[PDB]
Structures are given as C-alpha cells and as structure tokens.
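Here are the chains, one letter per residue:
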Amino acid sequence: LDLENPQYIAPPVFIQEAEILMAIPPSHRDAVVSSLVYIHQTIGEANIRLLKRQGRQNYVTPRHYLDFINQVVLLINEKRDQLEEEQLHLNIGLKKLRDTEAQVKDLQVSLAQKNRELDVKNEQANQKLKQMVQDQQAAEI
Amino acid sequence: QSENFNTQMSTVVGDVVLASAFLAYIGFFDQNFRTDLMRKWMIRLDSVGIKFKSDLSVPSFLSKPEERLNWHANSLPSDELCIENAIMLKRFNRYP
Amino acid sequence: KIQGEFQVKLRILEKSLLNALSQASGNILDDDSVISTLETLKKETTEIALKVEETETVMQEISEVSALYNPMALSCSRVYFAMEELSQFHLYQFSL
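Protein chains in written order, with PDB author numbering: chain A, 3192 to 3211, 3216 to 3336; chain B, 3577 to 3672; chain C, 3818 to 3913.
Hints listed in this document are in silico derivations from the structure and should not be mistaken for laboratory results.
Pairs of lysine-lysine residues, derived as DSSO-like cross-links and limited to a Cα-Cα distance of at most 27 angstroms, are as follows:
#, chain 1, residue 1, chain 2, residue 2
1, B, 3629, A, 3274
2, B, 3640, A, 3274
3, A, 3290, C, 3859
4, A, 3291, C, 3832
Could you put the whole structure together from the sequences, leaning on the hints where they help?
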C-alpha cells in the first residue's frame, strides 16, 4: 500500500521521535505507520480512564491492532480507487477542453483572416463604384 | 471539480486512519470518550504531519447519504450517536 | 435528497460531452453534438446558482425550528432519566 508522499517533510517533533528503524529523515510511511502505534496505545489509556471515571471495564489486545491495521488498508484501497476513477474522468475530459479550445480559438483567428481580406476586396472594389459614378455621371455631360 | 479532488485525494490517507480506529476501538466507549479519543488521534496526525479533513464525518465518509435514510426507516434512532453505530454495524470486521 | 439527481444528471452529461467530441474535430463550429450537449450543460449547471436561493431557507429553518423545540425535547430526556433513577427501588423498573 503506497503510503509514501514526495512532498512530505517530517516535522521536528516526529524527527526527535524517530531516533530518541526510520531512515535518517523520517519518511511518510513512517509518519502513518508510526501513528498507528500511537492511536492503538491511546486506547489503553482511555480504558484505564474509563474503569476509573466510570464504572465499566474494557480491554485492547493485539487482536484489535490487527482488526485496526486490516481496516486501515481496506479503506485506503476503497477510497483511493473511487477517487482515482473520479480523477481519471476529470483528467481525460479536461484534456479535451484545453485542446478543443485551441482548435477553435485559432480557427476564429483564421476566419478573421478571411474578413481582414474582404475589407480590401470589398472596400477597394466598392471604390470602383465611385469611379463609375464620377466618370459616367461626369460623362453624361 | 478537479481541484477539489486533489485535496480530497491528499486527505484520503488521514481520513482512512481516523475512520479505521473509530471502527475498531470506539464502538465500546460513549459520546464523551468517543469525542475525546478522536481529538487525540487527530492531534497526533497533525503533530506528525499528515493531511486530513478538519471536520471529518466518519458516518458520512463511510456511507452514502442514501444508505443512512434507509437505516432510520428500518427503526433506528436519528441521533448523532446511533448513526455512528449504524456505520460500525456495517463496515464491522469482528462480529459486533 | 434531490441533490442525488444533480450529481448523476451532471455525471452523465459529462460523458455525453466527451462522446460528442469524439465525432467533431472537423465540423466543430457546425456540429450539434459539440453544440447542444455543451449548451445543455451550461443551462442546467446554473441549478446551484439559481435554485440554492431557497436552500438558505431550509438550512436556516431547520436550525430555527430546532432551537424552538430543543428546550422542549430536552425536557423529555430529563423526565425519562428521572424514572431510570427510580430503579433504586426494585419495584420501580421503567424501560426506555
């Protein structure tokens, strides 16, 4: 299960812990896995607090840590997958938008090229309509 | 919609961890203890350096909105507690 | 609850926009698929920019109505546990 993160940094507190087993600079996997140990232990504490504060008793044997670890992996496989499939559709689709816009954005410019030419082929030609009047009318004299 | 996931996909690691412990240790404890434990697990994930939704909703994060409504219809308290237990009785892993 | 359609109707509408693009790339500016599908998307997308206008009413009414009943609801809770304290006498046993 890929529990490694490249952008990780491993804060000071975690570092001072890794030593005083975890490659010189604590890695992400260490961050997650190390936490699993913490979480599991907090229960022992919580179970003692209960028996004390309240009137009930509970136990937290390794059987739980396994149920815990097994649960931890199952979800990261379920949630990650659904998330990826959802990003696959978003990524693939987004490629069409960025690209299709390039085909259209430029096409509009090429179409503007035709109109940029018509202004000369129509205005200058329409000018022939001016010499037609200035000549024919003046020739009507 | 794509940006939103980049963040979701980054907290998936933390959300799973928290939701997991909730499904293997919480069950027994009551509101007070349950709430307390969660805070500790989150404070830890922060001290270490792991991303996770600030206001993670285990019940929601572990069950579609359509599934819950059915539970109540099948005679189940509508409080914030029983909704959590309903989640545990589903994704359980060691016979409730 | 209706928000269940918003997601799906948008989920399918997205697959159509793509399945409609894998046909253009030639008569783009003069194609219905790349024109209609997208037009449908834009219109129906303003649903959370137009309809939510009433959402703020529910998201509010719920809390307002609750606080207007919570004081009363709370009373029942205390009234109940009062009986649960009567269990002190073997004879007075009251189940929730």
